[PDB]
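Have a look at this one.
Of the protein chains in this complex, one is absent; all others appear in place.
By written order: A and B. Residues from 1 in each chain.
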Amino acid sequence: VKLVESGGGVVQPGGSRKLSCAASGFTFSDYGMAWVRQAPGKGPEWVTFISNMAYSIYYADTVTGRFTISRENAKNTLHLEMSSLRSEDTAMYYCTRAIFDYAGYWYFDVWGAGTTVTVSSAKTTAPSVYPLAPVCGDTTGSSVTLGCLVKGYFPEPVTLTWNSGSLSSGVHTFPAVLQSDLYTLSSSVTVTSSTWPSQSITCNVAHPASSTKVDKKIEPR
Amino acid sequence: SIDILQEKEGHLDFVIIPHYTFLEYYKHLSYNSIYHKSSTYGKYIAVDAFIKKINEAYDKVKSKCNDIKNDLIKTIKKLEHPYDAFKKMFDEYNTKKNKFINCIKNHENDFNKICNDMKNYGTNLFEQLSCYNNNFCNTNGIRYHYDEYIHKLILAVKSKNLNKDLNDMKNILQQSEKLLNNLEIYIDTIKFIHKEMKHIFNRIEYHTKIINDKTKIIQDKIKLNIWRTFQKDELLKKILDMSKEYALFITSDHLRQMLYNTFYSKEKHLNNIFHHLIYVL
Partner (left out) sequence: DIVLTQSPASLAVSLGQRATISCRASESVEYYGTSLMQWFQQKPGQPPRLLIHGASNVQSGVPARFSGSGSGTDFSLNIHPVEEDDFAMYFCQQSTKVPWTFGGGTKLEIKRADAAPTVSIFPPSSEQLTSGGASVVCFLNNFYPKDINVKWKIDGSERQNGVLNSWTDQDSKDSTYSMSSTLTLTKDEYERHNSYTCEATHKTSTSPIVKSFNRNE
């Protein structure tokens, strides 16, 4: 019993996109179907619903007249045609199976893994990667913290490693945040004080969309 | 249209014919849906429990006109029993009857919600319909539904003589009319009840013609939809069409038995007034 969404990606504002959802391991025509979306850092928002033979079609007021739900029962497929897209439409879009309970109600029991739709004007931009060495005034502690600032890239994701992945235990890689149309992230690595700068620490940043990989060695200021 | 009913002395009720047909249609649409596959037969408990809740809800709305209903019953008892000036009294009937019809209209949006909830449930059940082979769908559900819910009603109709019943009522109205034309407040009361009885009679004949027509159609159609298979789309069309025939038949049967009792209750009052007038000479 599986649901798999496809068709997600980066759409320019005012643009259009069609999402698909392939159902397997069950009789697709035996169920109502729906689309639920989750904006980054928010809770789920029900978008639309279609009954088994499409007799009932419902829309959230936020998408009515812009979005169209449809199903192709012989093909086990659910569709969502989205138009005049806005930044507020940026979300993870989930396909969900709806069960009609004989007490007279619908409930969502199976969900797909989701497909991300990013509505933005930004173009593919490789990040600027900066090494962050400590302040010059050594406090003399058991450990030292180094950092890496990854600035102004689009779209997500970026892959940040330390010493090409051989340093992982004292790492904090922070979630990416928007710096007006472009993303920014940071990471810190914490090690035994006496091992740095003697045993060298390098930040490596891969941005697959721009096909780049840069290395930044942390150096004493 | 709205039908007012006075089955017994002191009781008054009403039926909105369109709502009754509508509720009846989605009841039988719901039963056809669950009886198509052996696997979903056991769902009759839930379907029965949901229809009971729809009906109890619709009745709670009807009961909100109960004080306006009872105020009309008091006026009717005064009209039918002129024992301890008709035109000044006839206004009390009209206004209170209009206040009752007006109360029912003011609850239109409330009744419509319940009907639409039954339409939702019925349609959603109808949508769960599936075949093992979409080109060779079984009709065992159509046959079972008919045998268990409709056949008994088809027999009760064929047993009773509706055409005779109508003529016995026609004979009461004609015997009442020649006696009426012997007047030399009571004659005006007899004139009103007789008029109300001719109106009831015309509704009884109207529904009797629907019963007879729908009984024949159902007996003919049922033969064609059973003991064979249909392609899915054809089976779904057949289920929707049969349910419309069942709803129109069950509504007219229901209204006929209620109006039949309404006619004979009003006759008892007509006979008592005629008997009082004949005694006084």
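We take it that contacts are C-beta pairs under 8 Å (C-beta built on N, C-alpha and C of every residue); 3 or more make two chains touch, one makes a residue touch a chain.
> From the list A:190, A:204, A:210 or A:212, pick the residue that touches the absent chain.
Of all options in A:190, A:204, A:210 or A:212, contact with the hidden chain holds for A:190.
> Among A:132, A:191 or A:206, which one is in touch with the chain left out?
In the complete complex, the chain left out is touched by residue A:132.
> Suppose we count only contacts with the excluded chain; which residues of chain A make the list?
36, 43-46, 49, 58, 60-61, 94, 99, 101, 103-109, 111-114, 128, 130-137, 145, 147, 149, 151, 172, 174-177, 179, 184-186, 188, 190, 216, 221
> Even though one chain is hidden, which residues of chain B still touch it in the full complex?
Here the touching residues of chain B are 50, 53-54, 57, 117.
Here is the rule we go by: only the chains that are shown with their structure count from here on.
> Which part of chain B faces chain A closely enough to touch in the complex?
The touching residues are 43, 46-47, 50, 117, 120-121, 123-128, 130.
> Provide the residue numbers of chain A that touch chain B in the complex, in ascending order.
27, 29-30, 51-53, 55-56, 100, 102-104
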